[PDB]
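Number of protein chains: 2
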Amino acid sequence: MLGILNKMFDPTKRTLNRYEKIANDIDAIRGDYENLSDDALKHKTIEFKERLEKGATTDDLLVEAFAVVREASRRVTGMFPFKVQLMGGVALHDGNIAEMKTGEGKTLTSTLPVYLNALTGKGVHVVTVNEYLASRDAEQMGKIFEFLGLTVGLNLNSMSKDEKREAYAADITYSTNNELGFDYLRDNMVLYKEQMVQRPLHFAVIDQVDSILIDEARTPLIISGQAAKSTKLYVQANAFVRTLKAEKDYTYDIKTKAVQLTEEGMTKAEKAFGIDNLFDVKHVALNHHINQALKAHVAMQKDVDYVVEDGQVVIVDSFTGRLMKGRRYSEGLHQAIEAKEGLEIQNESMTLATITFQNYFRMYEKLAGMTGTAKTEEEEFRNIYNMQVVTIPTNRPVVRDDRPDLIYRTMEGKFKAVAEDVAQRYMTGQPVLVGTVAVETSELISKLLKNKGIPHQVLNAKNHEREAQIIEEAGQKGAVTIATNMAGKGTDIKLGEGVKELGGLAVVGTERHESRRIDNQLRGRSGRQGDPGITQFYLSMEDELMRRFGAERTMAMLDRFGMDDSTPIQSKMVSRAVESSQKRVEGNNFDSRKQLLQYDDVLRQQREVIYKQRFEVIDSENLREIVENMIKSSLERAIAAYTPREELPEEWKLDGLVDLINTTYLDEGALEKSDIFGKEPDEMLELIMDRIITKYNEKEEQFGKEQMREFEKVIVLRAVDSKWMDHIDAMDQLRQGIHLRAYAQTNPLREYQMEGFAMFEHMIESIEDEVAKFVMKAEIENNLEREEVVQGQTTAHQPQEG
Amino acid sequence: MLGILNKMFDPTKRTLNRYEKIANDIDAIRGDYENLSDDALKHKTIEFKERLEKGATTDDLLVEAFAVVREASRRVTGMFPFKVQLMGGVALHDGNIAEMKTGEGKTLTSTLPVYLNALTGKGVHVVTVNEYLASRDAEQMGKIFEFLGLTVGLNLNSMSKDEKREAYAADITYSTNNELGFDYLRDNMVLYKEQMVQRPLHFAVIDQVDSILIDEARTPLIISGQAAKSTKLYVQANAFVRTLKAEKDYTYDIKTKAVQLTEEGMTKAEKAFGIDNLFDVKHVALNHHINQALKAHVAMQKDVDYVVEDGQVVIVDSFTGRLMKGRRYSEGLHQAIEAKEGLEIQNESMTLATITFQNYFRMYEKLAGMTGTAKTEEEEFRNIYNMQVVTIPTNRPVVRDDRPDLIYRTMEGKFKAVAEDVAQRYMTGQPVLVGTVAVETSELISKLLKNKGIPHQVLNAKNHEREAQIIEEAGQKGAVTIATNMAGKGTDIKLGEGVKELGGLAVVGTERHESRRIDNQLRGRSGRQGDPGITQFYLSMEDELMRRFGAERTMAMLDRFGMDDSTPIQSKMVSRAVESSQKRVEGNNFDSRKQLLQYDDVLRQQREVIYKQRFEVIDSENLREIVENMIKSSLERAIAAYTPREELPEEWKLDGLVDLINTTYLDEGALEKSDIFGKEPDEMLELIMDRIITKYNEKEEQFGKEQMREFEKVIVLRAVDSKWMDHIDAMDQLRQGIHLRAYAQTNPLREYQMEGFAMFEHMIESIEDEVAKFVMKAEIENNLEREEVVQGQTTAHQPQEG
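Order-wise, the sequence lines are chains A and A'. A prime marks a further copy of an entry chain. Under PDB author numbering, the residue at position 705 of the first sequence is numbered 705, and the numbers go up by one with no gaps. Under PDB author numbering, the residue at position 422 of the second sequence is numbered 422, and the numbers go up by one with no gaps.
Here chain A stands alone, though its shape is the one from the complex:
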């Protein structure tokens, strides 16, 4: 860049300099390690770890650390990293995207920053697209890591949960984006801490950042699980409840509770052939379903809270009664209603846990990535992952010839030209590589070759292994390979025998894909390390690409000017029109994803509280403090309900409140009216709470001292998991359900936030309350064992784009 406009490349210029300087300092001390014993070298790692355990930091040991690795690699592999490669690693160490054109040795370069970061033993995941690339890579680069004395673990979805913990224990872990992700998810559904495979997320080096952070990040990671046909239960509950309907079946107003601690119910409910008094392993399922049936009958009313329709039981916004979108009542209350209205009780598969690759890779303490095509989306990376794509120089100047797109009028008449180009180069002995975007493309162009008499090999994505070795031999003399959508990406083709004299590897594009990155990856599959090559792109006016840009007015001026006569056309202005459009597509996609995150950022805020909070229980010793805090919190909300905003100071329905505390937290007639006569609301809390401690000390004294510590963990876990899971599916219902009925001035996202959080607060209070009750009014039976709220099989999948 020359002229005023050059100032743009200024921020990325000062950076590339530091890295160029550093690359020299690393090359300076190349003598200190050049002539040394393998053991003395390996012992360098220990010196580094020690210095780090003392003041030193990663940056301090950067030049030296890089030196060691640069050398170590020469010994293990016949390769000694170039200044550019050293520059790349630093970039990566900085937390940026290091864009380095294919054939620059990205893989090896990845070891410099991975090594330096793996010294504190905090861990370093090196994510990749498929299982194969990760295996291969960890096997070859592992040698350099291990040699210098580092543990390198591999992670696959085949590996038992045990085999995993192992790989995540390693100094450096290789894996795929999908695996890493699901593990995170499954790790938060764990019952006992030791079931978790992952360690705290440290540093992530994403190889092929675009494919991973951008492409495969268009949809979220979903873990679901259908219902075990639990329809027969809801009906029963609905039926029974209709029986006993006596005033001796409490349901105070201000509380909005349908308490059933009375004998008339406590006993008659057991007459439904239950395992009798056993109110623990049975107090969950049956009791949970019976309270909802009781609430759906005594609290909810056919035409004041919900609206029954030929579809389902739709809710109604209290203020200005508006029909709720894809909203539902939590904890199966929606079910109790459908049963009460006899309407179809919808039993579907729920979404247990979810997260976006965006919010996922953002958890790591530091992130970084490498790829060939990164500038195209440069604006997004910096946006979502606060990473600046640093365009790393090339070892040798490029000499590959990039020819201007050749336009064609007829689609089929286009491919007939492509087949020719391929054919004529084949005879010269030049290795050709035609890339396509669709299967029919590689298919129909393959038959053109079979009828023309030219040997070739199709590259449909069936098995990464096979393609890998087939691509390598794509630079030989009679080489003619038809690649579809970057078949074996990651493996660069090295020019065959003296193929350089015969020109070079000439790549042929049968059409340009939406994102430039894609046809740029194809384009760069030639000319690695100054090699000679030519890149040709064939475009016809019939390409779906054209028809989506609205190029009809240009199609006319083309035919209206007997232009379609001149078969090949190289219109500079039409090529720009094409790219200018790809940019539009890329922009929209960037929106879809930018939107996706925004919606998940609502869940993220929530997951943060639940996941962190859950973890505490799973990994705790004295759960009392946590529990008590949940009990006292549940209590206050109760005290606050019977003592509203100064509504007649000492003239509150005090008599009714004490009735509730005796039916919820403390036993019957344990709290006398006089106890709460002439005391502020705050006063009351400390007061009746101190009576909870009494019944608590007794609960822990009458029962086992430490078996109680388990009672707490079992209850709180089940409480949390019960709700959270129902909430997540509910949040997923809401997110897509809103898209239907909505016209208000406020955007849909605002609603999702406001309604979503409000739903969250309900679950928190419901958890706090459920948690408190069981602790105070439930007894231990046959055995106390944490149970999995998830029933049946679980599925780990990611939605296809749509």
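Just so you know, the hints here were simulated from the structure itself, not pulled from any lab data. For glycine and all other residues, C-beta sits at the position ideal for the given N, C-alpha and C. There could be a bad hint or two in this list.
Claimed, not checked - The calculated DSS-like cross-link candidates involving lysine-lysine, where the alpha carbons are at most 27 Å apart (straight line), are:
| no. | chain 1 | residue 1 | chain 2 | residue 2 |
| --- | --- | --- | --- | --- |
| 1 | A | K632 | A' | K7 |
| 2 | A | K594 | A' | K583 |
| 3 | A | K13 | A' | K632 |
| 4 | A | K13 | A' | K366 |
| 5 | A' | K302 | A | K572 |
| 6 | A | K7 | A' | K632 |
| 7 | A' | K612 | A | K7 |
Said to hold, decoys possible - Sample of chain A' residues with no beta-carbon within 10 Å of chain A, all distances over it, derived:
| no. | residue |
| --- | --- |
| 8 | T12 |
| 9 | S37 |
| 10 | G55 |
| 11 | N178 |
| 12 | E309 |
| 13 | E497 |
| 14 | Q536 |
| 15 | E668 |
| 16 | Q702 |
| 17 | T795 |
| 18 | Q800 |
Said to hold, decoys possible - In silico contact screen, one side only, chain A against chain A' (beta carbon under 8 Å); selected entries:
| no. | residue |
| --- | --- |
| 19 | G3 |
| 20 | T320 |
| 21 | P404 |
| 22 | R553 |
| 23 | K583 |
| 24 | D591 |
| 25 | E636 |
| 26 | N747 |
| 27 | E761 |
Given the coordinates of chain A, assemble chain A' onto it according to the supplied hints.
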């Protein structure tokens, strides 16, 4: 907060602790400065500056620095900052928003962090809403700053550009948001560096951050200037050009240039009674208008580049000829076209420079703010200005009584109740404060009092001075003040004589404004420092607030249930419905602004290059390097045009190119064909460029050695200003013009970016080219003096929200 949900206030909890600790350390050493001589204390500043000039940093000297100020204030003002106030300052020093309820002494607190940051003498602006608050503040707090030995300057729009430089030279500068902003703008329109009032932006302490960063930031700062009826010029140009139309009037194709360096034109153009050969002070105006008229005739065609309509001359997107929105041809080319088509030649007022308060206050190296209501928009602050609102504790626990809104059916029947409340408290001797949102409110409620016989004072925003002193006496016995939209905000009312016994200051809300912050500011105007008070809000079903939420379905259930009988109503669920709606309004506003910035962020990127680049010329000594780089850059683009993408290697229209170089950069017949016969395109550059140096050394040798250094600065300045100004107005045309015709999948913002940048590149190349020419083919005349491209009067204003 109690229970699981408490974990949310965790991030803001660890922060408030550091600040509580620090506040103690600052209180620890209160003895070191307690008993000391004024001089010894003042000498502390010097010790600090010295320590800073050596290793020490602001954080290091924080506890000590705060100590000094805390003490210094006690001496100057009878006040000694509380721990909370010390905590606030630290927050501010951190770069956060310190939210501290009215009456917490925000002003004084502002000195702790302002002082500490003003030690390196880099400057510190303390922005405020109006001129008065800034004066007052700088006068009272200045004393503490000056005392400790610091220069405190005030900035007003009345102050001459000279008086300004002074205020911005000060150690600490007080000012208003609007002033600061315009100064920045005007500072970049400066001809000679020394005309600039501002210094590099350092630290900004925004008092009333919400009002400034959020409220008054709903629109941009615009500086415009209409045209001096320069219509008679365009017509003439259009007319003349039609005359000479001989092939001896060059206009090559590939170049797309309408060069008029031939004698047939060079002379006949002068026959239009020009000041003759004078091609310098005249070579700008007349020549610029004549080339556009020549281009609008030889390059543009009635129905292939533009479309003439009863409106104007609309452009047409080349590929798939689409009618351009509010786009226009730059450099008055659009004019040459309207003249050529005789169509109305639109002469309007242009927008010279613009910026958003968002992008403005983001320039400062560090930013921070203080206010009472900040949590409401907490999500936005962190978003746009990366600031976390830290909710600072109160010196004393609050005891003000916040009563639930009282709902009314009839609007007028509501106010009749308000007047009563006001009246009954007046008799008791309690000072009342009724706030309104509209003038008619305070108006009509004022007559209710005049007819009832109660003394009061209206507070329409006429003069900040007056209201200030009227508000102070709003806490006395027979005090009854009617405030409208926070009249004298910034001035807290101190309870009158023993007024505390008579209850306290009871504030009355005649309606709740859209944003809660607003009715929260009103609400907090009572109870400062544990004072006793009551806050009452009156809402009626007729309030415009209700009618915009769609509360009709609730209006019915209210009347359909003979509810309107019970005049006052305190529905907990209806109050929530109200706030839940205010939140919606606030969300939308947050969008309008979030959108505003996004559009300006396109300009920001551009301003960055031009402004920075311009500044270089204004403040440079050896402009050659800059110029040459602009000439060589302009040259390359030319060489690249005649030598397209490998289109017949040595078979380029070489003969025509040399013709252009001789008509643009070098003189006639200076470059021979043989010179460019068998040389790569890169080869050519270095080649014909070396001949530019020759004619350059000669231009600088034949003419003055250093008067040339002025020739460069004059030309480049005029070149830059010519275009930039036209571009800015063009960008402003485009931004609002797009909103009309647009349906494509891509959002409007994407278009603005893509088209906007493309427009930018044109101006850069046009500048680079214009700059190069004049330097090589223009001569010095009567005098060489930088001229202001701006003609007539200039206006500095900000659009009202709409």
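Structure-based check of all given hints:
1. A:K632 x A':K7: The hint holds at about 16 Å.
2. A:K594 x A':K583: 23 Å, holds
3. A:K13 x A':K632: 21 Å, holds
4. A:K13 x A':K366: Since the Cα atoms of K13 (chain A) and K366 (chain A') sit roughly 24 Å apart, the hinted pair holds (cutoff 27 Å).
5. A':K302 x A:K572: It holds: about 23 Å lies between the C-alpha atoms, which stays within 27 Å.
6. A:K7 x A':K632: The given pair, whose Cα atoms are some 16 Å apart, holds under the 27 Å limit.
7. A':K612 x A:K7: Holds, because 9 Å separates the two Cα atoms, which is no more than 27 Å.
8. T12: 14 Å, holds
9. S37: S37 (chain A') is indeed farther than 10 Å from all Cβ atoms of chain A, at 42 Å.
10. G55: It holds; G55 (chain A') is separated from chain A by about 17 Å at its closest Cβ, greater than 10 Å.
11. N178: 30 Å, holds
12. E309: 18 Å, holds
13. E497: At roughly 28 Å from the nearest Cβ of chain A, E497 (chain A') sits farther out than 10 Å, so the non-interface label holds.
14. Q536: 12 Å, holds
15. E668: 26 Å, holds
16. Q702: 27 Å, holds
17. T795: Non-interface label on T795 (chain A') holds, nearest chain A Cβ at 29 Å vs cutoff 10 Å.
18. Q800: Its Cβ never comes within 10 Å of chain A, the nearest being 20 Å, so this holds.
19. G3: 3 Å, holds
20. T320: Status holds, d = 4 Å.
21. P404: 5 Å, holds
22. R553: 4 Å, holds
23. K583: 7 Å, holds
24. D591: 7 Å, holds
25. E636: 6 Å, holds
26. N747: OK, holds: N747 (chain A) within 8 Å of chain A', min 7 Å.
27. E761: Since chain A' brings a Cβ to about 7 Å from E761 (chain A), closer than 8 Å, the hint holds.
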